[PDB]
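Engineer: Each chain is listed here by its residues.
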Amino acid sequence: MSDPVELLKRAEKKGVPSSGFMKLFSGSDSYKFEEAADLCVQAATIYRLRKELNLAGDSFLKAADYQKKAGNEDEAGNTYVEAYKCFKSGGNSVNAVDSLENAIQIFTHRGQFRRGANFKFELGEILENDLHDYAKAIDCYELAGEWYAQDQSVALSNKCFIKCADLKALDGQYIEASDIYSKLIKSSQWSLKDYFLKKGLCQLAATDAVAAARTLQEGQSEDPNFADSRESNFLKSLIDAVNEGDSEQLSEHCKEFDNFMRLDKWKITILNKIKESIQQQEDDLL
Amino acid sequence: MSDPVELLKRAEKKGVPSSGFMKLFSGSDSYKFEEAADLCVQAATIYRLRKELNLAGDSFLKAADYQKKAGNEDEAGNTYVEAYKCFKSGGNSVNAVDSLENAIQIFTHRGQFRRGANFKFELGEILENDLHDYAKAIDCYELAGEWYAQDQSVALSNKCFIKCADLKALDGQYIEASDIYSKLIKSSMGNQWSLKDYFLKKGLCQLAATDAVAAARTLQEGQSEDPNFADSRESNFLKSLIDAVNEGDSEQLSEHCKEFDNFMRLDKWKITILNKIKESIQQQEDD
Amino acid sequence: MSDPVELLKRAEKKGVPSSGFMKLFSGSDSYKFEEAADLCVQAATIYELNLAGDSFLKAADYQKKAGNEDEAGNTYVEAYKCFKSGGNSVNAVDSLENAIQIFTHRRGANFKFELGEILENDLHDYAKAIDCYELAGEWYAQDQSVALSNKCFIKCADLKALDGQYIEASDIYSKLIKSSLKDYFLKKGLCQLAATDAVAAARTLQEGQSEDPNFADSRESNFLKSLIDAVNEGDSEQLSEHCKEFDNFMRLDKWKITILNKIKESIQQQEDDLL
Amino acid sequence: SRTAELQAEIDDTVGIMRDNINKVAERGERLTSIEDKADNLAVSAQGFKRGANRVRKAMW
Amino acid sequence: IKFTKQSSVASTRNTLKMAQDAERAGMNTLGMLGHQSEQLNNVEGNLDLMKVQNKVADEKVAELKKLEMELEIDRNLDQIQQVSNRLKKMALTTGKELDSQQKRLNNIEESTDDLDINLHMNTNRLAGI
Amino acid sequence: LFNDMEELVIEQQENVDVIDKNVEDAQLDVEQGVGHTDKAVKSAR
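Protein chains in written order, with UniProt numbering: chain A, 1 to 188, 195 to 292; chain B, 1 to 191, 195 to 290; chain C, 1 to 47, 52 to 110, 115 to 187, 197 to 292; chain D, 27 to 86; chain E, 433 to 499, 589 to 650; chain F, 213 to 257.
Treat the hints as calculated values from the structure; they're not laboratory data. Fair warning: there could be bad hints in the mix.
Here are the simulated SDA-like pairs of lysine to any residue, each with C-alpha atoms no more than 20 Å apart in a straight line [unchecked claim]:
#, chain 1, residue 1, chain 2, residue 2
1, D, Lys83, C, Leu24
2, E, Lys624, D, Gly54
3, E, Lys624, D, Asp45
4, B, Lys186, C, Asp130
5, E, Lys617, E, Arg456
6, C, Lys183, E, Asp490
7, A, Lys159, D, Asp45
8, F, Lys254, D, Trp86
9, E, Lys610, C, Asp200
10, E, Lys624, A, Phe113
11, A, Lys279, A, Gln255
12, A, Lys68, B, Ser2
13, E, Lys617, D, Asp38
14, E, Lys624, E, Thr614
15, A, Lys85, A, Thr45
16, C, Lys32, F, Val230
17, A, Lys159, D, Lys83
18, A, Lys186, A, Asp171
19, A, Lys13, A, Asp65
20, E, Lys497, A, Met22
21, E, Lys487, A, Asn78
22, A, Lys85, E, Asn628
23, E, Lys610, E, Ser621
Model the full assembly from the supplied sequences, consistent with the hints where possible.
Structural biologist: What follows is the structure, given as structure tokens:
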């Protein structure tokens, strides 16, 4: 096998633009950038075979930069995706982010919105799980959901808006999360009951029990499957406990609900916030 | 990024045909229209990146017009489809209609009937839902269904003819809707759930035309030709409606409607047609 | 719009091969046939589905003369679609046959099956339909597409049985079994009964009962048994009773009715030959 | 118990077919895009053929 | 009681026929998907060949530039349960086939775009010679 | 759901037909084009 370091050195030597008087006699520099990109891709493939995945990613990044200089942006976007795959498999989430961002920018400029949305969602997943940059993850899930909505892909859009609303609610942006849940409801049977519950829970965490009661009434009137659901009864019981200011009754209803339908971590966090708001009002009254 | 306004101004300057003595020295104007189209497409792409979707649509329309002037009609049809997508995403349903109509005309001219039928159906959907121009939506679903029938796409043809018959029945053209349901039945025979619905809807149209005998014939036909309709709730319901219509008992009809609704929810279409049938009974009582 | 007749006349003028001294100065005639094909395709597009088909046939012939056989095969498929939609089943057959020949020399099974369907339903040329379903099933079998191969072999066995080739139909059902299983066992046995070979029917019954538990306890197995019993007793009335009993619970399709009537007739003929 | 099991199997199969409908929608969308790009490819291939022929005549 | 049993019989008869229904679609759909997936295979071969030919074109262009009722209810349920088993299996197989073809179509799209770009590039280069 | 699936696949058959025809047509044109560039190179040398 060729040495990837020597391949990269040859790529670097070829990727120098023609300067000065030589520019009058040299044809388009595009072909030189293409050949430098091919040398970088060969180096990247050899590094990938060696499981030196970060060096493969860096070589694909160099290849994509040369492809951009050649004018071959569609190839650059594909090569950025290969760089991303190498960095993600190598545990270098930062360079994976940067690779996906360049790929997404190329795909959106080329009108490949759906493709860019796929990668924007994966970018959101990296921001959420590996980097814990929840704000940018929110922005990524929102924009991906919008791109899927323009593409009439309701299911993918809903997957993104679920992730967005969940993260917004965990970040304390309860009103905006409730608005996204209202969009998810309008766009949408099993998940619908969950959306009504989560909307109401966000509203309770915003100390707006009236909006929660309205959401309950809306859901009970518009979806018969929510009306007779455990989620509706639970949301009602939580609204009642919030209006009475009884944080113990709320904790009882939470335990009762948890015994039949396990509360996931998101619901527990939001329910704890609601309880804390009740206890704070109790303390402010003594 | 280039300024899209300057790109469009350059497109406009290039897209002037060679007039006069210059026409003797200028080659084909086709290349000038191609380059103007490319400039318009670049402007449209920049507007789309800015989410200025209506301006992107207008730029694609200009590009498609230049492509037509170049003789590149297949490209013009694709660019009209991109204009349509921009206008639809921008909420400008009128320009979306006009874009699809030009694209469909090109596609039909290129013998791409199927492609035109896909877009003619989408045109029908825009006319129905956004513009409420139900007459043109009917015409769109009918013609799309015919083009799909010629392509042996029984399934798309049936989807279109369902939309056509439903809209025709809601517009009071009950006889024509019944005839389209007869076509849907015939195309669906030997292929059943939609079939029961087709039999029911045919009969309901006939009742709304105050022709209970044709409804009874449709019931007998369905009961003989498709055993699943014979034992279905839809058949029993259609029978009960025919019986109530022949007796002139609008209350019994309303009871049978409630009974049916308790087991199989009546959609908005059935409710509208059933109300019309009831009104025709009550009018005969009042007369 | 251009006039399609004028387009075809231009295609015909261009599609004349270079003859004589002109052949020394003219480049490859391929480009002339390509341009004639393009003109024919434009005319076909403007066309009046039968005239569109004929124009696509002319285009495909010019494409063949250009050496662009893959294009010719695609154009023959477009001709086929026009003729089928125009109700000209003969030219649809001819178009599919040319397309299939091109595809096999270089998909053909898909179109060979559709050809079998046209031969069966529109032309009632059942012999060629059988040949088409058999060859399509074989091509799918080589491609390891068991489901498509089985669809073709079902059509082949059904038509062979209706044509009185009961033994060959039974052999195809044996292939289908080895590769609906209950139905295949029943139909195999029925073919064997129509061949007056009740012993082979009993063997098929025993085979099915041993190899597939779902056939063992099925109505199809009990029905086949009862038919074997009635055939061995020579009681055509008991056979008709068992047919009615079976029909009350599981409707006999037209194929089964035809084969069962043949079995009954063979019993009645043996009764008459013994009196 | 047999009827409840049957109901459970039918509900599961309904779920699988519903998933499939979403997938076939994604498939139809992909196919519409590929048809557009394959049309582009055919046009570009013809253009390349013609340009190469014109250069062949030029060099000759 | 008799009326209810009769209604149950009618319900199960209708259910069985519709079970056999969901079957014809699955077998035809799988057949068509097999046909289309296979039509994709011919496309894939042609795309691979065009990639090789574009490599050749790249090098040639470069050089150029250089130069009784109870029993029936039971039996109908028997029949419905068996069909339901195949409807489930067919749905699973159809899902798997759609997954495979979806990845194949994604690759077909990318390869088609790449070829289109390469062809436009070489056409522009030939224009200048 | 099955009914709709059949319907959608019947629709998609159509797309597959055109794609196959166009890619096949393109391959033959590319092959001819390469032949032309070969003869062009032969002359230019």
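Engineer: What are the numbers of the hints that this structure violates, sorted from low to high?
Structural biologist: Hints 6, 16, 17 and 18 are the ones this structure does not satisfy, whereas the remaining hints hold.
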